[PDB]
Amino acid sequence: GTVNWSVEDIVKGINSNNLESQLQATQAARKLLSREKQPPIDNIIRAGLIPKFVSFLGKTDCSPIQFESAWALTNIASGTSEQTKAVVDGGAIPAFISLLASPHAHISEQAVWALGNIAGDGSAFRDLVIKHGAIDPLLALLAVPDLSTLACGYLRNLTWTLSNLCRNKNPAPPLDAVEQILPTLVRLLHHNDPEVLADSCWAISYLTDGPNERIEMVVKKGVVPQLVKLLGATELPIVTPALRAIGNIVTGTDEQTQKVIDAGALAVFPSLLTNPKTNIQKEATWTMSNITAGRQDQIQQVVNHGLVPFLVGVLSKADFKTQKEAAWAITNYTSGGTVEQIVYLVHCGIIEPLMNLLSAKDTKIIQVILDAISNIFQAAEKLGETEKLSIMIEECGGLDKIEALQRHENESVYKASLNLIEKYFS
């Protein structure tokens, strides 16, 4: 019936003076734009159909053409930035916001998904959607005593859209909008559906990706324990953003980091630091690098939870990018830790994997490792054990790497390598 029409025939129907013919042609267009192999979006746009679709959004009298045009538009709006812009310039944002309160669930849901793709395209459109007033009617869609009474796909859609209103930076979303959305987000964060939980976590990871002030806004709603719980989930799509969110939070103050530790997060890290998914291992190690950059009492908790051996593990063998994160975790630990904490670290075997990484063709990790070696010597000085440390390093072939670093291209490494040779290796 409306299957494989040409653009020319769609234009003919949409331009006819017959609502039924227009509906028929709009559905044809929706099916065209839904096809999997290269949907002819730009031809639809060139034909001038977006303004017509938009006007159809306002036909309260004919709910089927509201739905088909909403769907056609949503297909276009999920495309490139240029294609999304074409939809916005057609006046679609307020028309979609009007449709949020539609008595038809299918139409309301279509409006939710359209606004999510528009807002998700970038900071400016996100903020434009907020300015047109989308948040109140979106939130009102979730105003029921129990989320479990809503349709599943409906809830997932609302959650996904809410997370796009939280999503980009330069600038981050308006403080007022974040505060308006955060309580609904906290509620969705305890909802038992894996996809809703994943998208709520993504939303929280966006909101915590910024200065300590924005971290505090989230942390003050009390979500850190639920985030830590989700950190232990079995679904990787949940774990990934829960870990991103935790990672962001420990870039904050000592107090904000302490909330993560108090919630029990460290006990999840033996499995995260040995996780089969490379990016989970890398983000867990980055997270550890920010915790070892904290207070000595926070370093001590890392020690107590048995995590130092796992850091030695990741330094010894991991994806290189992960090894780089572990190098940073070690330099931060040695820069801030007590003498006893540094001694313990050497007792766990850090020296040989640290020296082995001096072979890396990566200038910045070399400085990180050299600084770390210097920090450990500084601790050995206060105990008069610089010589025993020297021999350790010399036994595992560390000297060879260091006397070579001497020769190589970089500013600071040259300077750093000489100093160590001159001062601790006769």
Second form
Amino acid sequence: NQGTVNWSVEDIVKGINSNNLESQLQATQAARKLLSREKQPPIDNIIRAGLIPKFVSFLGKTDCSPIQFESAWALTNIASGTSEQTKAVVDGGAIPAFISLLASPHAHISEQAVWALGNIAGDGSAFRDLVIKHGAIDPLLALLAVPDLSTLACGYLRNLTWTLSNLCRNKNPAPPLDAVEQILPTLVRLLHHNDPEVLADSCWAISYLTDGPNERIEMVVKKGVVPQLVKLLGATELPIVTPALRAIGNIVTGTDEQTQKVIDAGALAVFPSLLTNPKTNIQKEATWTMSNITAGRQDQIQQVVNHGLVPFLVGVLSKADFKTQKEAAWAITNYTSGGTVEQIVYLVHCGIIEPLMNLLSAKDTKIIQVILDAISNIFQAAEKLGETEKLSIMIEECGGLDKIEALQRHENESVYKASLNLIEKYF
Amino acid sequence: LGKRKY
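Next, report the structure of the form solved in complex with the partner chain; the form deposited without the partner chain has already been given.
The next block holds the full complex; its first chain is the one shown before.
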């Protein structure tokens, strides 16, 4: 329809304020075309013209389905903007009007209502919880209450998954516990669907739900999703691997029993690839995940050893992006803090000393503290074998003693005390 | 990934 292309806001207002439903329809279509242009769509000019209450009333026009669709699309693009722009849509009374449109017999209208509510919920915790209080979850889940997800239109299913992921998103506060329990069986079902975009957004939803206290993690782990998350951890698509690794990383911040479920599902077999992944963010999050597994029980540290992951940790400590190296330093300090003497001895035999010492040259106070604590734990294990001199020589040979010597004359209190202590105790 | 326009 070339007749509704490049209208001015003034003309859109004239059409919408006419007492003619057809003129209102043409002007609403003209508004959605303005609001869907790639170059700076005039969202604030449409808001200032007072058009949001008119679009919201058009949502209720059951007799005119095209004006319901055009106004839903126009409002979706306004709600997609800034928090102030989403607020203007919510202030117009759009939330219950969009929820009423979820049960529409027109699939393209229903989908637009799903999209709009995803944008509103996606703004933050308060609008997410307001969408929930207006009762969006029951009609949203009803749209997915089919025997096989493959019968639904692809774009439609992707929009439903994405909107459900925004209802799972954000913290302070986290989503209501009862809302999470209501959504989780549909989420577990979407996590087994064959579409890469549905899988990515399902993983993102699971990653938000596992980002919190152990009670929140427990809700997810009890649904038996960990084996599916580990399978997706092995996917070829980076948009699937990224949220799958984030969810797994979040679960291992939980209890040692919750971490054990990740190990039992076969997650450690994927870490040789994840710890050498060419995408730095995958390497960083894989090493962060490793740090929270090495912070566990001695039998869990043993499974890290058995899977041949200690040479991979030496590798990341030797060469990686600094942020990944900082996570590796944490993984080593956690391993040395909770491991057996035999496990700590193994770490030295894998060559941890030289890369650990080279990272003392870093201009980061926290990594220096983490490495010095790891050295203390390594010496503590060497004290139990009477091999402190053998370790002292190894540290001296790679130029590690010269780096600890300079750390005695360091600005930070913790660095000064730990380095001075190591030299007067072992050098 | 937050909000999306159509």
